[PDB]
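Have a look below at one chain only, the form deposited without its partner chain, in structure tokens format.
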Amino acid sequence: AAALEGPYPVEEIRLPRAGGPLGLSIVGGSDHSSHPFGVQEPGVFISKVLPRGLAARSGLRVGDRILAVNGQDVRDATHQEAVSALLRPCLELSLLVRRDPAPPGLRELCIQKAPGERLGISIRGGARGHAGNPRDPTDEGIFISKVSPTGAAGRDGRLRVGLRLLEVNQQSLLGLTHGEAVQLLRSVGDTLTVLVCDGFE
């Protein structure tokens, strides 16, 4: 019946469709791992909400679990099925969402890299090579494994071993392999903007 035994509030949020973009990003599905949004129970989650965007104005937050889209159950829908349902022409986009909490210790860190200075960290994970979380093998998250005092992260001090990496310079690492994440972390300029939450501290 899809209502409403959860400890988190379930709300039906409508988004006006007047030609503009949704201004939201989703992760998860029936074929995608959604850590750290779906640990106990997997599903479709909103990973990113653009500021001053349509979703932001409507009241959508990061970490919201999408239960239904215009009446259609999307709890066990494919990622592409969720996308198609959101981008589907309708008078009013109705979203049944549950207010699941945002990832623990979610914070955006900015790190300055001096000229000729490396970042000085090693990462573990993630997709197609799950190893980042040895305690939770099913997790394809990307974690910081080592932190060198010589690098920019050591001079910063905010990065520590165990933190989960979510975004690197406005690019989600969710679903990416180890090599793809390394490549993104190497291709950054003198400024590293990373979305970080707690991992296996």
Given for the second form:
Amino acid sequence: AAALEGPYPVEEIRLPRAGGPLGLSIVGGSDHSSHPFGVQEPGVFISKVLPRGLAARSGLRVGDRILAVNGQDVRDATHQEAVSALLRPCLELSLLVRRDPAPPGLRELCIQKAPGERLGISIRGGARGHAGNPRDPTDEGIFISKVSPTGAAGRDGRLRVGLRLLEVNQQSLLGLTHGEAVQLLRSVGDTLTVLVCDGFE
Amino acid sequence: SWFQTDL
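Could you switch over to the form deposited with its partner chain bound, since the one displayed so far is the form deposited without its partner chain?
Okay, now the whole complex, with that chain kicking things off.
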């Protein structure tokens, strides 16, 4: 395996197995779309590192591409092959990861809505929908298509046309349809916590 | 949910 001299350096990170959770989340797998992680090169990615849990203290970062789990190559592993490998009983968890960067513009937004105030946005894309990304028709992600200047999002100022939506109130939008994404955004309540990154212009 | 797994 080399898997060496790539765009980004690789490194074996050991996580101790003394009870408790890893404090990480993974997306991707050969049977999945992992946008915006590895758009040209698919795989398994660390999508979320809990601060400051086991994964965080060990040096794992959001965007990390997992190449091997305890010596087991997982570059072509399905999402469940990867998950099971990470859950298999072992004295110590060895992760060969490649230090791919997190998707550009990755940031969490907390948006406040006054009582009776609407969000004032519309979205495009979604799994098995119409291409929300003009630059890439294979991309089935969720993007902001419109922002009303007077709505909550408009007055907040941070949401804008083009941004990719990743999760809403801790609920992931990956693999979700347009309608499933819409019902999440509508039932969000007084406070919208949304994970976004740059998508298009 | 089915596409992101927390561990």
